[PDB]
Amino acid sequence: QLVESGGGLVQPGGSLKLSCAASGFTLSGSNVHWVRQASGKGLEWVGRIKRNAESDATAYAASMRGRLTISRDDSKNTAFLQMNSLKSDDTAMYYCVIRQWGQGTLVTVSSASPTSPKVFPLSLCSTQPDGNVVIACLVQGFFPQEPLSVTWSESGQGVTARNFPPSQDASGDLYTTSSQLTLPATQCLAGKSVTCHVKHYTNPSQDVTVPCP
Amino acid sequence: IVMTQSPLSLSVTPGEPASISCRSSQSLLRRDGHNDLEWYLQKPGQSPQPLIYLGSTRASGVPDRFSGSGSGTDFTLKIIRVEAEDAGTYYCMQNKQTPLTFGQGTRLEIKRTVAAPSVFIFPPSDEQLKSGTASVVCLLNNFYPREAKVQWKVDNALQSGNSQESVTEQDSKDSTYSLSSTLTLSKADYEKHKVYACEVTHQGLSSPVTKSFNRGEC
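Same order as they appear, the protein sequences are chains B and A. Residues 3 to 100, 107 to 221, numbered by the entry's author numbering, are exactly what the first sequence covers, in order. First residue of the second sequence: 2, per the entry's author numbering; consecutive thereafter.
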């Protein structure tokens, strides 16, 4: 497993250093590649740091020439992607690849500050399904769109959490999505409450209470 | 090196074979007999995972249903019996010479039986109404095909704006999709109208399904 970090909101003309930390294997004996992928687009190779045996050689791409530096810190078992004079068209998911791919980190080039989601409990007005409870949390107006993860205080057999991709709002840069929980009625009895735990970007998490019907 | 994939989109009935073609602008053939050609599968949100390396060698923990073939310029990825977990975007990739280039990506979608969505409507919560915004949420669960039309209506008047939606990835087990549609209004607009409805039209529904509520009556 390759751990990735150092991504996030970056101002235009600003910089970011993406970290690619290997676990259970030494990076020193491996050529580290960096690949990007823009929202709903394909794969574009960025560059590579060669294995220490071949004098740590670096072959890059033309599309971002002079603005990227791929380095390696063998003492920290981590490879880096230093990105300078960042443009909006640099906004993408970046992955490090060694036989393995990192989880990848989102890079957003914007002059806008992060906005924390406004998390609201939702109660059904329409029909409660046969022997189940359906509850939801509205995750409104957040920026950047990722990372956003929603977890619930209830799990197990017969429990299904549905998480929808963030979608862009009508104006501005905010995104909106929701999270749904379906669970046995027995597991969400009247007078009981449940929690949707919303983790977004680097901001502190939110624990919103959702009453059982 | 330019990498061209064919087809760029494919629907596969569960249990059926599938093949994906990849064409390189130059020979990927090497001295060891093999080729400098890889195949990856990437699921929505997820990172790409290797399937094949050296043109015909199956990666770690990849089912024997997956096969790589071809030489020089024309390559083929074969899937013996497509399973729900095979859904995703397949990429061919050359590592012959820099820049390492990828094919456009072939979206493989499981062509399962028609399943109508279950529809749920959630009125704006008081906690949001306090803020001065009013969002109405319409959720659709486990439908197939992906094509579903959610129409918002306020006092029987169709909305052409104020809504946004997102669809989950094709499920890795049941091959269905789920959708969230949000109608966002100002609290002032929300207080001035009575009926709030989301009308869902889908191949699995004989007639459209409408979930509605009257404001303040829930």
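Careful: at least some of the hints might be erroneous.
[As the list claims (entries may be wrong)] For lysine to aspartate or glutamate, the following DMTMM-like pairs were computed, each having C-alpha atoms within a straight-line distance of at most 25 Å:
| id | chain 1 | residue 1 | chain 2 | residue 2 |
| --- | --- | --- | --- | --- |
| 1 | A | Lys188 | A | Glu110 |
| 2 | B | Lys43 | A | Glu128 |
| 3 | B | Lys52 | A | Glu110 |
| 4 | B | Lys207 | A | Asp33 |
| 5 | A | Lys79 | A | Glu128 |
| 6 | A | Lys188 | B | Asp181 |
| 7 | B | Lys43 | A | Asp75 |
| 8 | B | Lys19 | B | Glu154 |
| 9 | A | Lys44 | B | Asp58 |
| 10 | A | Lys97 | B | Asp58 |
| 11 | A | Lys97 | A | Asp33 |
| 12 | A | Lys131 | B | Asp58 |
| 13 | A | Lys212 | A | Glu170 |
| 14 | B | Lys89 | B | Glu56 |
| 15 | B | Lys43 | A | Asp37 |
| 16 | B | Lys43 | A | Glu110 |
| 17 | A | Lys150 | B | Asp215 |
| 18 | A | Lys131 | A | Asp190 |
| 19 | A | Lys212 | B | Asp138 |
| 20 | A | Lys131 | B | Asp177 |
| 21 | A | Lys131 | B | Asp215 |
| 22 | A | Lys174 | B | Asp177 |
| 23 | A | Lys188 | A | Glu148 |
| 24 | B | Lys43 | A | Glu170 |
| 25 | B | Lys207 | A | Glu128 |
| 26 | A | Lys44 | A | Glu86 |
Treat the hints as calculated values from the structure; they're not laboratory data.
Against the structure, the hints come out as follows:
no., hint, in the structure
1, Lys188(A) - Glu110(A), "violated (41 Å)"
2, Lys43(B) - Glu128(A), "violated (37 Å)"
3, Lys52(B) - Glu110(A), "violated (37 Å)"
4, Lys207(B) - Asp33(A), "violated (49 Å)"
5, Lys79(A) - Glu128(A), "violated (53 Å)"
6, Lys188(A) - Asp181(B), "holds (21 Å)"
7, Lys43(B) - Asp75(A), "holds (24 Å)"
8, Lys19(B) - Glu154(B), "holds (18 Å)"
9, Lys44(A) - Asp58(B), "violated (33 Å)"
10, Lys97(A) - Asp58(B), "holds (19 Å)"
11, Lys97(A) - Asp33(A), "holds (13 Å)"
12, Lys131(A) - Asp58(B), "violated (58 Å)"
13, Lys212(A) - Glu170(A), "holds (24 Å)"
14, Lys89(B) - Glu56(B), "violated (32 Å)"
15, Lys43(B) - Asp37(A), "holds (24 Å)"
16, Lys43(B) - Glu110(A), "holds (17 Å)"
17, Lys150(A) - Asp215(B), "violated (33 Å)"
18, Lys131(A) - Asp190(A), "holds (14 Å)"
19, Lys212(A) - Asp138(B), "holds (17 Å)"
20, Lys131(A) - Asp177(B), "holds (20 Å)"
21, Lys131(A) - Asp215(B), "holds (19 Å)"
22, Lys174(A) - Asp177(B), "violated (31 Å)"
23, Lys188(A) - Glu148(A), "violated (31 Å)"
24, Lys43(B) - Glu170(A), "holds (15 Å)"
25, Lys207(B) - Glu128(A), "holds (19 Å)"
26, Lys44(A) - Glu86(A), "holds (9 Å)"
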